[PDB]
Every structure is written in C-alpha cells, then in structure tokens.
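Before any questions on how it binds or moves, here is one chain, the form deposited in one PDB entry, in structure tokens.
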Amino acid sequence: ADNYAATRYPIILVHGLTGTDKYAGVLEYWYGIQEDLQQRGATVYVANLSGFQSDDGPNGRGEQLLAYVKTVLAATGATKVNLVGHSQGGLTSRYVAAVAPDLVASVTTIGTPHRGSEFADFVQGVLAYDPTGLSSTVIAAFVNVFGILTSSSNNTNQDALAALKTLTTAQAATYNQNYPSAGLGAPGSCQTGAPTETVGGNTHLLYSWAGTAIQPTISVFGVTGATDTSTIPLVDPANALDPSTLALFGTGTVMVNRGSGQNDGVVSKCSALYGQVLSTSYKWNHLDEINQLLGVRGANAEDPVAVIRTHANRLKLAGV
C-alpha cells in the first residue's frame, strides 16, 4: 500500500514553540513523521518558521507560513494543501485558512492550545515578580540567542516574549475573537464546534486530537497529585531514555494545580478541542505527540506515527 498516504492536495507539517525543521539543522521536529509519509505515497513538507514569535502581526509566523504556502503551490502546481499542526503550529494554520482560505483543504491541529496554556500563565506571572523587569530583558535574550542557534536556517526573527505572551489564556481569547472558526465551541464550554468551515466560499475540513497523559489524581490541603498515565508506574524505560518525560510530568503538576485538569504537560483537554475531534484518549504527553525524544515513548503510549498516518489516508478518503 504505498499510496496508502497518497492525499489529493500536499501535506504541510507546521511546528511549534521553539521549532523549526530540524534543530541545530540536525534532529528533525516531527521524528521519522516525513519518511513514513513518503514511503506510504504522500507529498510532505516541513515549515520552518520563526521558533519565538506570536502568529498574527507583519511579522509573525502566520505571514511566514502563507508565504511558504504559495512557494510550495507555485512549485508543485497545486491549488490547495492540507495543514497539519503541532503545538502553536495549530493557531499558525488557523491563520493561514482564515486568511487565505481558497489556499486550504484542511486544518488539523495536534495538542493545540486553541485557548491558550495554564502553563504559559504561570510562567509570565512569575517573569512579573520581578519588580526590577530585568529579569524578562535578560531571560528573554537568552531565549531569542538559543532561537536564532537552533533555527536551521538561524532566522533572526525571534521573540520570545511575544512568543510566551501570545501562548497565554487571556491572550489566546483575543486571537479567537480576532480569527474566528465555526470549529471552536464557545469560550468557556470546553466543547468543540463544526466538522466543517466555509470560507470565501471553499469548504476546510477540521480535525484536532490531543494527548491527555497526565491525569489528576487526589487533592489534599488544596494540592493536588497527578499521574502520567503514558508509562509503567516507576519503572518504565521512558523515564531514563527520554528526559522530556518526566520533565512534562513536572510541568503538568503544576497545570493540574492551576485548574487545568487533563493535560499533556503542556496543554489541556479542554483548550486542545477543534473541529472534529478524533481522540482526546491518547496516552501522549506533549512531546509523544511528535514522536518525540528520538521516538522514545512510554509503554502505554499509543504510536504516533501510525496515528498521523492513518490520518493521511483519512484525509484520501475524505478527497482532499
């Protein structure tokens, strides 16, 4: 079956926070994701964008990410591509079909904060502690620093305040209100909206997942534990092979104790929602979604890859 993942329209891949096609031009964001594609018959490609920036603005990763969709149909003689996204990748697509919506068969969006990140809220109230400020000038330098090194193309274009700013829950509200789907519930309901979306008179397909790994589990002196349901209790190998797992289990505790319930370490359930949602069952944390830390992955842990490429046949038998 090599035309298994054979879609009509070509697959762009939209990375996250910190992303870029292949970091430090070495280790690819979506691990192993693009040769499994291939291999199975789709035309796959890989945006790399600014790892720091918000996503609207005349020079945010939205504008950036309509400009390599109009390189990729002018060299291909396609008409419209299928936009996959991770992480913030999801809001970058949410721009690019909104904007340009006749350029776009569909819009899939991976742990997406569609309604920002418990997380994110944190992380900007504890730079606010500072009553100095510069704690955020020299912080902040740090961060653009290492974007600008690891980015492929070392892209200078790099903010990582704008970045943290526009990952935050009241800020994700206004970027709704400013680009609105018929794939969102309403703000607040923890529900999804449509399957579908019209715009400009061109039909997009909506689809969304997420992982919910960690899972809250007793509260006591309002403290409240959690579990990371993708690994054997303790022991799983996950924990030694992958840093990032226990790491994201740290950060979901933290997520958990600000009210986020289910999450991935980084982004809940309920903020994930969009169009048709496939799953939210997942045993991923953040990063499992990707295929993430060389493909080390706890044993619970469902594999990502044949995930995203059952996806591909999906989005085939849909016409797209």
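Numbering follows the first chain given and starts at 1. Between two forms, the rigid core is the largest collection of C-alphas that superpose within 1.5 Å. What changes on going to the form deposited in another entry:
A displacement of 2 angstroms or greater separates the C-alpha positions of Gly19 between the two forms, with the rigid core held in common.
With the form deposited in one PDB entry done, generate the form deposited in another entry in the same format.
Nothing else is written out below except the one chain.
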C-alpha cells in the first residue's frame, strides 16, 4: 500500500461485450486489476452492465451505467468519477460523459471501436446471407441465453443482435453523429481530436491506447497474411496456455483482409484513436489489454496491469 494510484475521484471500470457480468460469474473481467489498484490506494468500482445490448436507448448499457455512476457517487460521497472502459465499454463511457458531463472528470478508452469493427461487419454480412433469415433468430436465442446465464446478476436484458449492430462500422458513424466529442477527429481521417473537452463549465480529460499485436505482412493472390507480434514465433507458450491468443490472430487475419490494417484482433488502430492517444504500439491482442485469459500474454507483450496502474497515477498528477 501507498497512494500511488489514489485519485481524487473514484475510478469506475467499464466492460465491453460478453455476459451481463461486471466480473465474476465465472472469472473476473478485469483480471487482477482491481486488487492491484486498491493495493496502491485507489477507490475502484467495477460496473456490471448487460453483456449484449446497444449503448444508447432506454434499455441500453448507457442508461445502466448512468444509474450506476449515481449509485457510486451517493455511496462514496464523491462528486465526479473517472471512467475507464475497454472495448464497447469506451462507447458506454462516452454516453455518460455526453449525457451527464457534470458527473465525469475523465474518460479513458482502451481498445475501443469508436469507428466500429470490420470484424463486426463481417459477422453481420454472414448472418444476412441466409435467404430464409432463420439463422439470425436462432443464434440470437443462443447468445441471449448465454448472456443471462453468464451474467452475475443473471440479467435478462440481453439483445445479441443490437450489440452486433452497434459494433458495426456504419452504425458507429451514426453513433458519433448523435454523441459527438471533441476527442474525435474527422471520420475517415485515422486521426485523433483534442485532449480535453469542455462541456460548459465542466472540463473532461480524454485518453486512449490501442493494442496492435496483429500486423499485416504480405499480400499474394489477393489475400494478405498477418503476424502476431505479441508472441515469439511458433514456440510461445501463450499459444498453448491461452486459447484466445490464436483465436484473435485468426479474427485479426479476417480484419486485415477487410482493409483494417494493424489491429488487436477486433479493433483497428484507426478506430481506437481518441483524445490524447498515449500509445498504439502495445503488442497486445484485444484480451491482453485487460490481462486475459488469467493473466497469460505473449513474450513480447507489455504488462497491462503496470500500464493501467501508471495511468491511475497520471490522473492523480493531473488533478482528477
């Protein structure tokens, strides 16, 4: 213990897809990160939202988080919170920052698809290929039951198709239209915006970082091969001990063929840019960003727990 990560305002960790579980259910989402932060003097809360849903909407994750923030403020006696989200959680965070600017002090997005995911476009295109349209109903029924069963609170508010639609490239562009941010650059620019945003009296510190383990190598006959820079070639134990390692290399290959460029298996570099970009050089796949699975990472991957801890100190020195 010490006060290295002792920020003025409480930190709320915001999850992306999968299960309406903040963590727990069958394993914590932010693996070992809450314990580490607490040990260094931080007040941390983990949001428990719908794993499958859109961010906006009456029953979306955005309104669920707003409610949660209010509960935390009432409990801690604090006046604002620092929001840090991974994946879709970064989009849920932007919603609260937009809808309730006076209750937010900073927004940090880790591997967030601000411009959507090319892999999402792929999955939906596949689903839409069924001329009878029956598959979409069955897979939705299957993913929804999964969500409620994996949910810690066994939340019945799941909508697999809404969540899929949300991570889509086209839908993201509409989201950015409805919930603009000074941290965002022009669409199609692959550029970031300003490091802060002042929503009338309230100023927000904006940060982001991406993982770019999946790099495009060569193209031949149309296809482009990719490389997983987070692992030592072939022999890396991560390939054996963490099944998401190879899985994300594969989804990352599909993305490279959809013109995404370097990515983390789900989100590309350009789609993740927001506010003050601390780095896009991390050799991490989408799940390494949150120290998964069970803390397993490739030999070339930076320590995610260390980066997040260092960031809580960054906020502290910034005054939030």
